[PDB]
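First comes one chain, alone, set out as structure tokens in the form deposited without the RNA.
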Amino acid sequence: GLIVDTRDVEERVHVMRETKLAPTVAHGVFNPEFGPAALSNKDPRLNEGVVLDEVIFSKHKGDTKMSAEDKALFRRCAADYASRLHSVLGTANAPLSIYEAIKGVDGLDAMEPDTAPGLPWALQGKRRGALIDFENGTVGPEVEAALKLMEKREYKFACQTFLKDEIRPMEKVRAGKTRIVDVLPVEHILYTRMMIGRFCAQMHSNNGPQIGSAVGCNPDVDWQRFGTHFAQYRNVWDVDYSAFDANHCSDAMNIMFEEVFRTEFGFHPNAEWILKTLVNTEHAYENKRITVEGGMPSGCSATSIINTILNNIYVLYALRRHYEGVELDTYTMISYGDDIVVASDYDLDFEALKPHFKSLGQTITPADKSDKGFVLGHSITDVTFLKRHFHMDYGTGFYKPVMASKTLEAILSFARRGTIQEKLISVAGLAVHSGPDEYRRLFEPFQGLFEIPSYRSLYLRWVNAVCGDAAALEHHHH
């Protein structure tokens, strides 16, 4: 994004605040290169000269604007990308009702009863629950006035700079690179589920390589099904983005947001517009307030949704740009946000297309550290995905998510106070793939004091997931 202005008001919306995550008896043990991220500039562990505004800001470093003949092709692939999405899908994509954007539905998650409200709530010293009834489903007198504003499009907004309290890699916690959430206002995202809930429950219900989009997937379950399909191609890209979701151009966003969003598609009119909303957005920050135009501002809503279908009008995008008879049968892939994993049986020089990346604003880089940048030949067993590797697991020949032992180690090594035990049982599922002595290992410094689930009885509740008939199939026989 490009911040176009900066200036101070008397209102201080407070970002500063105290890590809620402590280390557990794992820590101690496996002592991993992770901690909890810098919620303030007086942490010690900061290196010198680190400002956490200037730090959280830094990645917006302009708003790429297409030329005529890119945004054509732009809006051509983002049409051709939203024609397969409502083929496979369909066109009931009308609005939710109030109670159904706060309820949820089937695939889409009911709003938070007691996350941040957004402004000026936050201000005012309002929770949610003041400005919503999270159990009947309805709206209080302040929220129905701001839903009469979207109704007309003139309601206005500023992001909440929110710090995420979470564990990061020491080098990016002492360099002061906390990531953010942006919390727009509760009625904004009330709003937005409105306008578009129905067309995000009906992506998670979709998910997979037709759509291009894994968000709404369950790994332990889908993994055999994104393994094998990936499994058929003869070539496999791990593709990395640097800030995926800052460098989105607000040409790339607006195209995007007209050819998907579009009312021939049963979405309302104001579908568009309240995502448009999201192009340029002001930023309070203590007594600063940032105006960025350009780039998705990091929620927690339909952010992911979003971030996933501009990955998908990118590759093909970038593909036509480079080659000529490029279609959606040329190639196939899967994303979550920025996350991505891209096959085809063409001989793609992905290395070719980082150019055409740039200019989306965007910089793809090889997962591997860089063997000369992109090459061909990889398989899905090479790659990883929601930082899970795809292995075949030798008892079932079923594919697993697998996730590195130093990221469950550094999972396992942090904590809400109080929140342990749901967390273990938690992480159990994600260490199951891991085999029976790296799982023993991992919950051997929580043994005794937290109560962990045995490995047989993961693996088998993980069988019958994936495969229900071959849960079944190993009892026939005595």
The other form holds:
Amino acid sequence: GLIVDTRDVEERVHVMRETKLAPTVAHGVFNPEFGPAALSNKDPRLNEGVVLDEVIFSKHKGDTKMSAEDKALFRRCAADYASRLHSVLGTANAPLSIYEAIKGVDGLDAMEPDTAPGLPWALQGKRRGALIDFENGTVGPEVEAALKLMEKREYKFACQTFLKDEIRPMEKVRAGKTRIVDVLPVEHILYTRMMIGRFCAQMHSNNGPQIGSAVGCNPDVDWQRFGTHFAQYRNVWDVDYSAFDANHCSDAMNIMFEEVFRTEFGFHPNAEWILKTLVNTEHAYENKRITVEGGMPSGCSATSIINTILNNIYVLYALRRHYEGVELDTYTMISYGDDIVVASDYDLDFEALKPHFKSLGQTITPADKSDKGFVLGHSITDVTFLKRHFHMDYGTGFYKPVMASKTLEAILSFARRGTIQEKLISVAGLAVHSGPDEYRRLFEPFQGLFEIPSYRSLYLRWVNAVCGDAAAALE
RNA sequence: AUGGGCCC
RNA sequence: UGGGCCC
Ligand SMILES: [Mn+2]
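Next up, the form deposited with the RNA bound in place of the form deposited without the RNA?
Then the entire complex follows, led off by the chain already shown.
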């Protein structure tokens, strides 16, 4: 997005500058090339001369403006995908009830009870529990007063900028490349959920290549599904984006919202409106108030769905801008936000598509960093999706999600105070797919000190998960 | 110390 | 409730 104005204000907002992530016994063994994001301006580890506050916002390189032609083409691609999407999902997208939006419905989890409330509630020193009753699903407004302002299309807000406390590669860490989280007001998240919560639930439950969204999936069981599909195509591309979320141009965002959330698809007219408030935003980082145009904030309720929708529309637009006769069945794809696998029997030229993606502000490069650009021939077994490869399991003959050993070493090397036992249980569910020799090796540093689930136990758990029949078939 | 998968 | 992973 394009930063339009920067200004200071008397009232400073608190920004958390203390990493909870301390190392573990594994850190001494594995010596990962990874470590906590730099949160403090004066961390000893940053490359001098530092300036976090400069790097953090450097992702905003502008707001690409599209020609009339390109906008019309994008509108065709957005409307076409919207057709495919609402065909599969149906058109039951009426406003979710205030109760439902808090409590969730089938395929849509409840709202978090004690997460950040956003602005202006953080200036008042107040938590979500004070503004909303989550056990019940009503009361405490305040909020209602915001509801009405949104209902009357005159609500305004600002995003509260937090620094993401997370493990990152040390090169990123040294360079002060700390990611930021754009916390929206809890009433906005609520209203967006009311406006498009049924739609989001339907997408989650209908995830897969057809709608081109992996949002709602469970890699353990769905890697079989996804893997088999993508193995039928001659060419499979692993497309990376650079700052996908920040570089959505205001024209693309507005048109997507107009075409995908029409009233004629069962949406309340404020569905479109509430999403359109994500385009031009105000952001509060300590004393600074930064106003931005373009880009998606991370804290919206449907951030993943929205990026995923955009991702789908971008690929159709890019292909149609270069080639002719390009339709939805020309290729296949699944996306989770910026993350994407594309495939086609046609020998598509993604290196030539680069400039057409540039017309939307987006910069594509190959995942396989090998000197050359995009090429044909790559199969499903070469690519990554959600930090997981597709490897065929020798025992069951199903695809399983395999994370790279180095990524697992990094995950295991750090933990928040007192979460280490839980962490190892959870992470073993990931590690099991690396095979038993690698599984033991990854957990060796913890033997004697914690409970490490056996390889066999989790293997049998996974067989029943992916295919309950194959589990019984062995017995 | 966001949102939303999923898992415990 | 409270953890972990991915985006
Ligand atoms: Mn624009």
